[PDB]
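Just the one chain here, the form deposited without ligand GUN, laid out as structure tokens.
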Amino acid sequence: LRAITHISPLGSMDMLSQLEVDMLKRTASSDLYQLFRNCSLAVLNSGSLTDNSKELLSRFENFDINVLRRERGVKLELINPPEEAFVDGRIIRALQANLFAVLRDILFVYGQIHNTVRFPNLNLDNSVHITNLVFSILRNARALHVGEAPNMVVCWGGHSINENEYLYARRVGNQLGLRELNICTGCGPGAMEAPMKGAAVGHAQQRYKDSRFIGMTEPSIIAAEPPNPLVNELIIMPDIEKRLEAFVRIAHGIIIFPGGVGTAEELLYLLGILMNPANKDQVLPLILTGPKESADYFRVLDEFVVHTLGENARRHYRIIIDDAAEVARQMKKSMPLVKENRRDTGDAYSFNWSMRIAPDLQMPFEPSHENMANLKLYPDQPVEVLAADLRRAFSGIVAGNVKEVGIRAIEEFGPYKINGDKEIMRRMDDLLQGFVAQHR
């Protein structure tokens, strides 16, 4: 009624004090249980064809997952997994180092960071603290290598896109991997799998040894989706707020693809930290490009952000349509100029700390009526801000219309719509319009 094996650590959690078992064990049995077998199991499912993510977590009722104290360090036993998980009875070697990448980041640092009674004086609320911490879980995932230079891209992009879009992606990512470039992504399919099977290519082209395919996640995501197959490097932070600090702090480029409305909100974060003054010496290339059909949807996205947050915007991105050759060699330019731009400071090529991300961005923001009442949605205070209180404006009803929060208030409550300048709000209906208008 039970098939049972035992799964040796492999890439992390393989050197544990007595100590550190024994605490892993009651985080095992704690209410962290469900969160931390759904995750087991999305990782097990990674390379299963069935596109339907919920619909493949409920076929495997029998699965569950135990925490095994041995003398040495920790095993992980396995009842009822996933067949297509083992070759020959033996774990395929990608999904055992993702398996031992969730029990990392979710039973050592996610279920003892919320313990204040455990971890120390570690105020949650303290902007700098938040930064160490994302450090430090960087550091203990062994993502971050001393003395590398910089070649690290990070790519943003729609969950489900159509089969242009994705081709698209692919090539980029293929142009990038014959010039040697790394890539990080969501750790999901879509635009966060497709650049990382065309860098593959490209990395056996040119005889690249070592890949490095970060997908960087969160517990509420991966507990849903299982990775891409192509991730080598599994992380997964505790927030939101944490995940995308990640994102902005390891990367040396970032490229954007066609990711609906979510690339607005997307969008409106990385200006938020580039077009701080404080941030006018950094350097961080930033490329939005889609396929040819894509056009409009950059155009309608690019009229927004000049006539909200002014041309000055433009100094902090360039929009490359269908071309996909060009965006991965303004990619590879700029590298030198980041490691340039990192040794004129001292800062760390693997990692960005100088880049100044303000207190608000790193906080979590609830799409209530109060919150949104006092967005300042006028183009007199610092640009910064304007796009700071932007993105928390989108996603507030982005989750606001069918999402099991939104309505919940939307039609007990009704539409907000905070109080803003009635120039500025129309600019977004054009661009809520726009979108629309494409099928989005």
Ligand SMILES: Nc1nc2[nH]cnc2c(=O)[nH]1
Given for the second form:
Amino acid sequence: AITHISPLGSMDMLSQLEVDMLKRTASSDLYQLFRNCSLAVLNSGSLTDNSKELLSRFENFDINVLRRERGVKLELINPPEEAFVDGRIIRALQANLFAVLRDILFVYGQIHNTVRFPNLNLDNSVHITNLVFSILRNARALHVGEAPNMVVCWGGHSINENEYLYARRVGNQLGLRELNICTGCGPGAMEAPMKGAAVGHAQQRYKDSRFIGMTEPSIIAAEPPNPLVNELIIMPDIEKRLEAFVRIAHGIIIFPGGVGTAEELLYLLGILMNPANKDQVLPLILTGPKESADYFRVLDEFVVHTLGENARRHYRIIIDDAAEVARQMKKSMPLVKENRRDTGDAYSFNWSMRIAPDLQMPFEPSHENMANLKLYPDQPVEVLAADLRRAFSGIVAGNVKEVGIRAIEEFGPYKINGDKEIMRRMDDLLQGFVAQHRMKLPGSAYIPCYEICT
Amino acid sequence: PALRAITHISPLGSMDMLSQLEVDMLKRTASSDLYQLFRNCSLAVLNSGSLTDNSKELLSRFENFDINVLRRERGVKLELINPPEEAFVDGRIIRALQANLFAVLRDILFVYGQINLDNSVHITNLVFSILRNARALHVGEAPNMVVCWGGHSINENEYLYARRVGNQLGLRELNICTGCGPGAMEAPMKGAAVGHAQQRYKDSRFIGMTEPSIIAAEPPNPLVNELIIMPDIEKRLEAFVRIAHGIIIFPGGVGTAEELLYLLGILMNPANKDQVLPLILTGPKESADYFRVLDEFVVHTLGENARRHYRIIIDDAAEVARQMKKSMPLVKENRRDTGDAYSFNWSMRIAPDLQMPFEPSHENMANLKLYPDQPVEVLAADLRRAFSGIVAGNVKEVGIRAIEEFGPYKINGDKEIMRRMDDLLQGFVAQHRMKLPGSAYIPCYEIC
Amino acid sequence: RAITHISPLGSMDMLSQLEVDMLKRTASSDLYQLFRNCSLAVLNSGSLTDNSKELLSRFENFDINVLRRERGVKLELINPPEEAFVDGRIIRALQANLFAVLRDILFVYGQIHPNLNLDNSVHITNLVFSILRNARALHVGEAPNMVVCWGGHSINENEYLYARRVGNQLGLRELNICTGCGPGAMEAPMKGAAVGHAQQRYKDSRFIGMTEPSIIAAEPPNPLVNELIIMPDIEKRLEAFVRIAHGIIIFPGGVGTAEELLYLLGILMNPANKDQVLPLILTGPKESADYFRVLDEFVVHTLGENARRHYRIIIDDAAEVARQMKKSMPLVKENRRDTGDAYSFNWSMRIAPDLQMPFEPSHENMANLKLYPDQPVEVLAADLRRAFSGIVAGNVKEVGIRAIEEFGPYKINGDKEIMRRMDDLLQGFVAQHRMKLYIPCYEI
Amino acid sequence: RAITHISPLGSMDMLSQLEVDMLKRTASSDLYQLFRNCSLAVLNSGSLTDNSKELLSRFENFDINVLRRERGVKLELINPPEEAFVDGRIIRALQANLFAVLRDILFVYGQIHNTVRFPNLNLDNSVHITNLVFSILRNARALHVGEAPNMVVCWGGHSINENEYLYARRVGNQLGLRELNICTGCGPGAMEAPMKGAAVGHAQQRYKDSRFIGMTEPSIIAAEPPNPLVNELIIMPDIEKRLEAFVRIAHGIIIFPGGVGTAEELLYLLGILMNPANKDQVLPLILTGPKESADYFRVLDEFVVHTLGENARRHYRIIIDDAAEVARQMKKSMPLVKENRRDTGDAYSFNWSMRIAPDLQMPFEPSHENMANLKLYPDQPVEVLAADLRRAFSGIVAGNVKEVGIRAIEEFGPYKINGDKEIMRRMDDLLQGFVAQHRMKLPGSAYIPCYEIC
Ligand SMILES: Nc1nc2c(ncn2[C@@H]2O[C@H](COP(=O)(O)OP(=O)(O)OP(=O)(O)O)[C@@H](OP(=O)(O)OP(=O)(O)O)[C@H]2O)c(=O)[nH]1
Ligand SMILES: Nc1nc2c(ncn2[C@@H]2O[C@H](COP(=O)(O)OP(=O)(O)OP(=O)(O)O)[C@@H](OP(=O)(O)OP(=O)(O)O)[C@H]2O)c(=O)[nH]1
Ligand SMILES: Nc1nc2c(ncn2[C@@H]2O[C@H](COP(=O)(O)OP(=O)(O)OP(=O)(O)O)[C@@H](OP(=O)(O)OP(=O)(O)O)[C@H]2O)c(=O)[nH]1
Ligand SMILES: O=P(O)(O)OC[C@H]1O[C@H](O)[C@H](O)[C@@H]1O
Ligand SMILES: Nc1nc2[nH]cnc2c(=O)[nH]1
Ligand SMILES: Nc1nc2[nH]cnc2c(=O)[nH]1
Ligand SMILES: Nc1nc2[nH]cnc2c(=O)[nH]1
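Since we've got the form deposited without ligand GUN here, give me the form deposited with ligand GUN bound too.
Every chain and every other molecule in the complex is listed next, the one we just looked at coming first.
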């Protein structure tokens, strides 16, 4: 079974040298990744328990890039049947298919292994930001003149029915207020709010739904985007994905997501508490069903007792009140618009927010690096927030990730230079997630895997 | 003036360019004795989407609701006093409810305010004029409207199946028209919504076609984006059949049986021997018996020739939709061949028997000629009335009062048809199709 | 001989069988000649001939039938003018006007002649609205921007150019144009406004041509009009003009312009309309100064310096004309917001019944007019205009000339000074060569 | 106020911060005079001044600044012509052309010169030129995806009489009545009349997608304001790329009388249409004018037939004084163009498969040694002789009428052309016939032919 797909929504106006480039990249060591992402996209919304095994059902699927005088076509070999309706590919899959071609072959292929974009220095913090903007602009995701209304939703890939219901309700309440949704693109909390918002949009006869799925190559290669997504963007790596979330967001909503939730909040506080960002407007709301109350309590307790009472100027917790979450998002859009007008910033992309270069770069949780963290109350709060994220991420990896356990077994616990008040707060928070089964440790009791010294 | 929740709504989707004489009429009608009907239909619309069971959720909880027509130089506004709170988002009415509110004003107040309705030519002209008034007949649109009939009370198995058919229909960019109620009248619209989104189809038309005795006690489902209320069931049925390019029938009760008999009554009329109107009866695998029974009852009373006009498809949602889509070019060509319009099937002949409004009085119920010696169309017309009266006696204020004053309808006829019809209804009652869950149904008919 | 079939465009595209039956019978009636002549005139739009009568005279073998096809209507054209077709396809502009004739001549005009009382003032106004609504000419929500332009159908190159400049300046400000739809001043503002729209990337050009069955049956609409509306008589056309306008610009138009100005002043000086916002500007090139001065001198002296509350004269300043119009649009929007009125159709303007009715200058009608400075000012104007139709007809129109020669002078009953101003005006127009013949047909 | 700020319209509205910095930098370079003069020519569009060089001198105190904002760019105009403004606001059409000037003068120059450090040594320069031309058109948003062919290119004199002007306008009206769009060199004269008529015809057909493309180059527009009908201004980097762009976006070409340059124009097209690689291409070419041009075209027709062969008439058609027929032929050709692009899989909006010889993308300096290395012999491949005859014409003419040419002829003598005698005779008969039609005017009164066989 072989079918030729023409472009839709992207990759529809290429030069002959660009197509030449695309064909070369498709024949590179990148093919496997390109093929797995394109397979992921074609399996979107195919109901399945385990998605890793679903893709392992189409091992005879392949994809070639076809050259034509006018540009590019896609050749699908043994594609999933469910992606076709009386022989024609379903339009939504077709557009996501060409977003994968765009972001994996055209962008990622000129970045991975060697940077071929002329004069791009990926070690340069301004270049990075301009790249993230170029990717989003290339994806046609930044509209000229559009008044702000994009709400980014973060939260667990794997969540229970209560949480999925509540998140769906928030999205429905955002939908009834004509707000748009951007998420990480996968299942769980990344899907429920879009599903809700789609119902809301229909009720308000709102015809410009933007459901933005912002992912990255390692993830989309194994996880089909959820079926609500109608604007797929694959950023080159997780640091750039996070910067993209921040810069397109007009508001951020965090649902529960395990330990990662606290890492996300610390990243945001590290940005939002930088004195350079004291005049930015970016509403941040943490919200769950009534059963997540103690989950957000320990989190909020850890933030205040390490970063201070001022931390609460920047985030607000709301338990089981979907309508009030959306109501507050909706009310803040006009303030975000004024804030953008105030600095002459763009409505669709927040240029003026300062994201420190360390927040753009990866962090290796080695014993050396773990050691260099200055976890002391006398540090600038935005630096301490940042270092706290690094340390929390390292302690948890040392418990749950095999590359982290490997480091601990080989070299013993991490040596942490920190105030023991701060480090106690951390053990409370870690203990909290273990007790609440939000953190599931291999084996039994919670392992410190760290020690407070030099 | 007591403390009350108040809002003014401007016209949306209709009633936005009125003359001052027209507005004057609206205000007069709105204060006439039609007010209760107008007020109950407006309340039902404002309860679209809530999950409680109707009647007990309607007038009961909103006794303090009222609605006034407001006059302005430019036109009309609606004033809502104590409307249901969930109809509003931060104080502003949800747009789909708003459009439905003004369809109610258009069809209850404006369409009556201007209303020989005994002449078949005038009935059809009236049905056309209402449809056109509602902006429901698109000039140029190629055929793609599918009418779906089915039970208001169905199980999850049946609901999910009809959703699947709906999705398969929306994946083929077909539009849906239903009776606008819950159950099988909602599930295919839910599915088609998902399919239209998957295809980036931007012209979803979800037509909800009801009538005032029904809408007054059954809110429209939340998918309906084009509410139309015809003046009676007869005109509801004629509208359904004039705008359909294909019809799909899911398992239902008497309302769906009334629609089937009505339809066979038109399709077996020799005057329509050359009409193209694909008709598919479908359900999940668990409904194989339902359709066995229903097909036997049709063949017994109307003859094996009835099967020229429908096809039963059990548990195959993709194949139902594929056949519907495959027929749209045949419908277009048939319209071209007979000089007809694409949006409104003028060629179909609907006999007076099936057009003349039927009052479900005990007198008229006892007088139906349900005997095997009538011509096929005639018998179909009379079975249509028999089911129509059972609907009224179950769900309508006129018929419910008629039952609680004179007892159950007595239906007589050929004992062989009567047995078939008695067992069919015991199936509907057994299968929980007569009424929604909560309290055992009490038959308003007595078959002898 | 040469036969083509035309599908509907912009109207009459969604008809009931009863309606199509009706159209076919009406086309078969003694109406058919008017229906045929208006259709022929539409099809001759934008032709390059000097006489409209000699042009429409060479199409003797042209005819038109109403067909039923696909349950709607098609127009059968027999021997139509070839200039109306491109490679066999009718030009869309002409096509839409053609079905506008069908709409307003056969479907409206044919059918008015149920509970409709054409003598009832409120019915008249609701009819005009209905005809406009039916022509899809009243947009919901649309911010005011429609400027009505009045002026002579026959004007010199200098007046045409000026009116084109006013049109350009109006279009550069994104204002739309409604004229009586013929040539001359009814055409130049539209020509100019289209150029200005283009420079502003303005895409929603509305050029409404509002006419009446006797006019268009002999005068092809100009090629700029893109919304043709045929009102049933001159009185309903005048009301239509007033009710859709957001401002009005009057160009030179001979002595008719005096009737025009009196009509509007009869409406604007009516105390009932004291809070109405309707900018009125009179304007022409430098050569029109004397003409507008004598006009202004007649108005102030018969109706008082108060009449100047309701108009402004601007000589040879196109930008300033359009500038004022543009600046008024928000005041009109606010005025409608405040009375709860429609933006597209001014319901609250009071038009006195007598102004919705015709007037035959019979000596008896002439003599019932009360031309006294004692009359209410709104009434004196309505009668002053009526006395103008008569005196001028009884100087230039044969039926009125023969009436003065075969029945006496019109023998009016008016103040001496009122009448004297009238001769001043007519003598002024006669002396300026604006009105070409002066015999005062009155008596006092 | 004497100073006003303009926001982007129609282009230049979604810029990165690195792009804006590069714009500000280019604007401060020795490009500024060129950028300023083009911006001023644009604001003067539609001025009723005879000499458009005198008109651009009365603005000695005009200047323009590129303004940086967080979100993008604005233009700062200093003493702009007041006619470009309505009640203080720039007329939208001038505003869009103003940012087309910024796009093609500053940004396209800047995108040039941001190349790779390791360029592909196997890439023909001709392939780059063609792909660059495409890139410029794509960047101007000038190539629509999926649009059916309907672009007619019109060439002809910038200075023409009443009678020629009205004819070109009727041709335009007839084109528009058939819903064809117009592209010209955007000056006045025959470059304006066809758009004027086309607009009228568009209004009569309720065609609301008018595309009036003016394709120019920075030397022309710096001196000559664009005509007021143009609604898509494109400025190609030089005259050769402007010629290639004309050929590549055209679906048909109409040539009006234009003095003796018209002969150059026709030889350019013949050099392409008669190339053997283009034998299957579909590109209707029509020469047309009023009755009074029949001799002008009969002269051109005889030179082509007698130097390139009667077969040259397989590629153009002459039509005198039938405007409806011209338009009728083009309209009928449009579906043949569509089918031709569909057959090859070429783009509807850009003709990639047409072969344009590399010599035709390169400029020609009419030096004596260059004039001598032209091989004007009939045993030359026809497409090459067409090209060399074209180089020969520009040189001989420039020698007879252009200052720098007449001066070089006086210093180093007459041009020493090696070529067949009959050919040079046919060339002479053309130049004579033009001067004798007064279609060609040479300093003095005696046409003294400035060449000499060898
Ligand atoms: N900051 C910002 N402005 C944007 C954006 N998109 C459009 N705009 C508009 O660009 C205009 C900027 O205002 P200007 O008057 O030209 O100049 P400034 O106010 O000094 O701002 P600036 O120096 O450029 O940063 C406003 O329109 P108006 O002038 O018509 O006033 P309105 O807002 O009512 O629509 C903005 O609405 C955007 O993405 N970011
Ligand atoms: N007078 C008038 N109003 C019109 C017209 N078309 C729409 N409208 C709108 O009708 C709406 C009335 O809504 P309300 O504000 O709730 O009522 P009121 O303002 O008190 O006036 P009303 O009682 O109806 O006479 C206004 O919209 P918004 O409230 O959202 O205000 P906007 O869009 O301007 O921002 C008007 O703008 C029209 O042709 N004439
Ligand atoms: N050559 C060309 N085609 C274009 C262009 N823009 C859109 N198309 C369409 O892209 C599709 C490609 O052709 P295919 O259907 O895939 O069949 P092929 O003959 O094999 O073309 P190919 O070999 O790939 O070049 C066609 O649409 P459909 O498949 O839907 O058929 P339709 O438009 O008729 O409804 C073309 O009409 C263009 O600029 N140039
Ligand atoms: O009587 P039932 O068949 O159970 O359901 C009633 C509805 O069934 C049909 O679709 C009609 O639309 C009815 O409103
Ligand atoms: N990169 C990233 N993906 C997510 N998915 C859900 N939540 C998040 C988040 O906070 N960051
Ligand atoms: N009814 C009417 N028609 C006109 N046509 C041109 N001018 C006018 C005018 O002033 N009134
Ligand atoms: N580049 C270019 N511009 C023109 N303007 C008019 N004619 C021409 C032509 O033949 N080539």
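Numbering follows the first chain given and starts at 1. Note that the rigid core is defined as the largest set of C-alphas that superpose within 1.5 Å between two forms.
- Candidate set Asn401, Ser29, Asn62, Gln34; criterion, C-alpha shift of 2 Å or more between these two forms after rigid-core fit; matching residue, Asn401.
- A movement of the C-alpha atom of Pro382 falling short of 2 angstroms is seen between these two forms when the two forms are aligned on their rigid core.
- Relative to the superposed core, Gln206 undergoes a C-alpha shift smaller than 2 Å between these two forms.
- The rigid-core alignment places the CA of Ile418 2 Å or more apart between these two forms.
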